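Removed: one protein chain of the complex. Kept in place: all other protein chains.
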């Protein structure tokens, strides 16, 4: 025959523990995500894996904020960069042989360094001509690799590949996104946005049968976007909250006993 | 004539309560956002509502990782998928009749299933020919609907519509984004990125007046992106924190009284 507020206190404690456990579980289920920007003065030389079927690389150069007009739009020019060639097997199906021409991408961003590439496909029956390209983080990391074919088979799964069509000048603005996985993977990936500009075919009609591919690679900005996942569920903070609530309840019970022995 | 640290304690309590209320209010005002990825082996067959004005669907097929070259670039071919037709009214303005050709999109993603569509518009006065397309989540959810016109009028507001031009082969990479609203709406939407590739018109000059539209639909990856809003303002955690601070202040006051009766 007392106040019996201990029952209400126990109910409050049970409810608070239950809601705290539910909150911790739902916070552990749904991590939040954070984005930051790391400014880099000079990117590492990216690798550009082009896939020309039969078109030959007429020209390739390292340009700057402007490209001078082509002296010969559709004739063999000058290749003026470090390019390699690799042959590997497509991870999707082991019955196809893929030949990749690897180009060292532009490093300088403050100066807006460009990689300008021009291919010509002489004759083909394909209705929609297009050259595929893949981007990987470092060309140097590709050079000193024991298994170049294995490197490219890994890059096929690690990165997504796009394509640029003939009759255009595809201007590819590429940027780096580093996703720091919960396992500390630090997976680096490429994002890119294009702008296709028509090619004014001024060549004589005799040579108009051949198709011309122009593509320009640069970095859109000297910022690498780092994306991380943050776990908002901290067990120790939960323990501290539970301890504080339990202490508050215990002191409330003590004050209730004091009130009972004073007035009630 | 005592220490009168109770006044400082009350000031600290008032400041802590004020800052806690402000922090809770600003956390309730700005929910955080979380992104997760759900891997699906086979997407549900999406619905592609195309809006051909007068162009007739020459061909449509379910292809795989490659498209064989067209046997007849601009002549009636074979339609080899499930297509329906609906007529409804534009939700914005009730004075226009919209006729939509609904195509069952590709399901398989591991096999890189394609939907290839080819239209031909014979003659028109339009300077810039383009066919509009809208994407909705399920074609099956469209088949068994009591009000197909109502379904399309809802799809107009629920989804965004794009267009693909003639003289190109628009390759649409489409992915699904499920935004879980605070009201548990779980609104599903489509994102898409294209790649226009020129069409090498090898048809005779007599038939070059007619315009050809080509479009390819697939899924870019087998990942549905779920975006959720997390409320970082928890009333019960706030109550526990306030209780802990109040208890700390009370025990500090008790120890101050002990110090007064000991030395001070």
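In order of appearance the chains are A and B, and numbering begins at 1 in each one.
By our rule, contacts are C-beta pairs under 8 Å (C-beta built on N, C-alpha and C of every residue); 3 or more make two chains touch, one makes a residue touch a chain.
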Options A:1, A:200, A:206 or A:263, residue touching the unrepresented chain: A:200
Per the touch definition above, residue among A:13, A:33 or A:158 touching the missing chain: A:33
Sole contact to the chain not displayed, among B:177, B:248 or B:253: B:248
Where the missing chain touches chain B, by residue: 16, 19-20, 23, 27, 30-33, 92, 125-130, 160, 162-163, 165-168, 196, 211, 232, 240-245, 247-248, 251
Where the unshown chain meets chain A, residue by residue: 32-36, 65, 69-70, 73, 169, 195-200, 202, 214, 220, 228, 230, 232, 234, 236-237, 239-241, 243-244, 246-247, 250
